[PDB]
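Next up: just one chain, as structure tokens, the form deposited without the partner chain.
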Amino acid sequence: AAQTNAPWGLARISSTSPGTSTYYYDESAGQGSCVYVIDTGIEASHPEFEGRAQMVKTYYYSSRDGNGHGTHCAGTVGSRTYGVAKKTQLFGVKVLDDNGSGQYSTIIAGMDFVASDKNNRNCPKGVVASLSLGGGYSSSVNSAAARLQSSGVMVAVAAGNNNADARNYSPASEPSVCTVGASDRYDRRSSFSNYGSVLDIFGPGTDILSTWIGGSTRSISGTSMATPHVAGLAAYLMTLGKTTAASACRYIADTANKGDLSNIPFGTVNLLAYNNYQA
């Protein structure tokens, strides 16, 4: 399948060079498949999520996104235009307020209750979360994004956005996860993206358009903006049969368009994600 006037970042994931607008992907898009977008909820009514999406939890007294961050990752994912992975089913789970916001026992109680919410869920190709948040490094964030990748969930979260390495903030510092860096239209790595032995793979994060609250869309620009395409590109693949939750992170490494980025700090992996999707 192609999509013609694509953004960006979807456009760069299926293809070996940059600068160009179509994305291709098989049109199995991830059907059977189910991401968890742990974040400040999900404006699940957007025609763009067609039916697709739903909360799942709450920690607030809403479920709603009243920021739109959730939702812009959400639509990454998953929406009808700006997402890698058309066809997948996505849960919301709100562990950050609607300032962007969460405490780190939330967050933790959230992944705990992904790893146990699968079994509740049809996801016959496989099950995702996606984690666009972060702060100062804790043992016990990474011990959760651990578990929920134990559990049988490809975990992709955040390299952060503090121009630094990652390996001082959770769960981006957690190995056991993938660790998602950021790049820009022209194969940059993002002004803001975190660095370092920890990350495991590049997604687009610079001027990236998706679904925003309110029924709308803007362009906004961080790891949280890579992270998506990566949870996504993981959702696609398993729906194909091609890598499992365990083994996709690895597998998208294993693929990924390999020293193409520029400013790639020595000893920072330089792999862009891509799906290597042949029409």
Contents of the next structure:
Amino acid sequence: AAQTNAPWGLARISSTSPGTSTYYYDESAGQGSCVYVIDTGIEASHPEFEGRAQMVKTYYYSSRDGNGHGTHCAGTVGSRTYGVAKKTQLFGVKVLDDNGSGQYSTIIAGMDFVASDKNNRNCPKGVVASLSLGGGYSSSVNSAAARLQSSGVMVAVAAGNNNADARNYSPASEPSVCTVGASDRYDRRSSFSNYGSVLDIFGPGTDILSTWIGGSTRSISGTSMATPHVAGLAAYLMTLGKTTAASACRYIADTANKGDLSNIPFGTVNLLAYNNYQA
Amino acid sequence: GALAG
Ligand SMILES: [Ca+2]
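Got the form deposited without the partner chain; could you also share the form solved in complex with the partner chain?
Shown next: the complete complex, the earlier chain at its head.
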């Protein structure tokens, strides 16, 4: 399959070179897999999700995404036009309030929730969790991410946007999960992207067009935007039977575009998420 | 994360 005039990020993950505009992908498109987006919620009614999205848990007064961040991330995972895995099932877990903030205890509860809830869902091809959030180092937050991964869920987390070593941030600094940095359309490390030895992979993160609340779209930037590219790619690859939840991060790193990025500090991987699609 | 997007 081919999507012409695709968002640059989608094009990039299906090419060995920057500057292309077509997203090439297998028509299976992540069908049979499930992705939990742990964020501000998802506007499930957005036409772009085609009824494949639903809220399963909120830690606040409503399950509604009053912010937009969660909807945007979910869109990059699996919306029709803006998504990597266009036929995946999306589950929303609202651990962040409508200002985009949340307490660590709530974020942890949300992760524990997903580890259990997946046992109630029909996801034959596997389960992924996308965490476009974080803050200062916390061993308890790291532990929760480690538990989720251990339970058999592919966990992808944002490196953070402090232009600093991600070792001082959580859940980014948990080694067992898949920590995702951001790049721009010219194959430079995004100016805000965290770096360091704990990073596993880079994905498109600067000027990413996706779904927004009120049935709209917008372009925003962050490691928050790179994370769902990797989460979507994982779901896509698991559906193809190429990898499992336990080894997806390693498989993505192994099959990545290598050495393409500039402005990568010594000690940080030079690896960009790549689907290796060949018609 | 950190600032995380
Ligand atoms: Ca890791």
